[PDB]
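Only one chain comes next, encoded as structure tokens, the form deposited without this ligand.
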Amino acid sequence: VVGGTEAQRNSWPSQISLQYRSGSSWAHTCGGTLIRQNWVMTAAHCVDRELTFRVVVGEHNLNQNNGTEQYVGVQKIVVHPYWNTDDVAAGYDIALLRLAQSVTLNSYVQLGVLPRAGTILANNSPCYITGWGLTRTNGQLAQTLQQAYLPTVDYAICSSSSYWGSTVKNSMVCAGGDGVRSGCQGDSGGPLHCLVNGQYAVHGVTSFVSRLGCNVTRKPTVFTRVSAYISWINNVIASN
């Protein structure tokens, strides 16, 4: 997250760190959202590589013991069947991970609430991105979980020629694009939380930014729109 602020440690208890085994240690690669005690939602592109993955819930500082972490292996990966790794702009950038064990819920570990199917945010709706991704273009991962305020940019604007043009689809949400705050590598797969009728819900799964950099004016961060995939998610969980 570029241009973020450190999150309070109990603000975003559905945020997870997806990590891969790197020698004798583990490394953060992506974010995710806990959606059942044994299921995580993330981006498909985060699981393209044939790595050994684990999920960490209750994480705040990747480089210190917080006293709240639960570590759980990933047992099964279900990527959206239309996902095509060499065409992120086509969409379908979403995957579900079934955890080896069910995690225990507490003030640091909670299920993400999802929007009702079909819900679209009005232009300029208040949202936060969260994650441990790079804090500058071509920088380094954050230590502590970051948040940044990114108002939504509706489809009519986001799909206009000076923004993303045809690359953005109605199955996506765009947010930010102010040139200061954005998602960045390592934030992929994590949540866009938007305040609707008094309650934060996870409306986006972080999908992509510009190749010209993370915080680029008129290139808002692009998220998979969770509300387009409610039936898919329920179908997967009910059949696994």
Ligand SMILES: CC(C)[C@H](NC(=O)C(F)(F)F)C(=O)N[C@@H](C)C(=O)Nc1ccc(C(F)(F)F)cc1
Contents of the next structure:
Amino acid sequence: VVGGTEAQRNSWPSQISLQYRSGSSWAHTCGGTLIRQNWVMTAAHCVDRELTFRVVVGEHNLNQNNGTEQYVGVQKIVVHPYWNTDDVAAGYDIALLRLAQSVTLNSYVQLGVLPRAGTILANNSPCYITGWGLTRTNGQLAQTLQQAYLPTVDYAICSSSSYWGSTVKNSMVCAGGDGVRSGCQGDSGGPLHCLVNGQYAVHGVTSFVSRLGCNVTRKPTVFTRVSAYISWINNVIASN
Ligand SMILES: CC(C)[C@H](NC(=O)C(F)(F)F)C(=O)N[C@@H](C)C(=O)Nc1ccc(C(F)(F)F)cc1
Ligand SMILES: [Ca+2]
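Moving on from the form deposited without this ligand, please list the structure of the form deposited with this ligand bound.
Now the complete complex, all chains and molecules, led by this one.
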């Protein structure tokens, strides 16, 4: 997150760290939202290489034991059948990961509240992006969880000339674009939490930023609109 601030420890307890293996060690590659005690929602582009992944729940500082972390293997990845690696701008950037075991819930590990199908937020709706990705364009990973208030830019403004144009589809949520705050690499697959009737629910799965850098004026961060995928989500958990 560029222009963010650090988060409280138990602030966003459905945030996870999606890590892959490097040698004996593990590196954070993406975020994700715990949706079931054995299922994580993340972006499909995060599991496009055939890596060994793991999930870390209850995480706050990546480089230091917090006393709160649970670490579980990824047993099965079900990415969206229409996802195409060569074209994020087509949309469908979503994947579900079956964990090897059920994580234990406590005040650090909670399930993410998903929106109702079809739900579209109004322009300038209050949302927060969370993640351990780059703090500057071409910078480095945050070691503690960061957060920025990232208000939505609705579809009509996001797909106008001046912003993302045709690159953004209606199955996507835009948020930010002020030139100060954004999501950035390593935040991919993470949540956009938006307050809806006194409940923060996960309306976005971070998908992409501009090629000229993370915090770019009028290129808001682009998220997969979770509410366009509620039936496929539900139909995958009932299958597996
Ligand atoms: C999509 C992810 C690999 C990568 N995502 C992120 O950085 C994220 F964290 F914001 F989600 C990304 O946007 N990286 C930038 C550097 C990039 O490649 N952006 C990009 C934007 C649009 C398009 C296009 F037009 F094809 F859709 C292609 C690449
Ligand atoms: Ca830690």
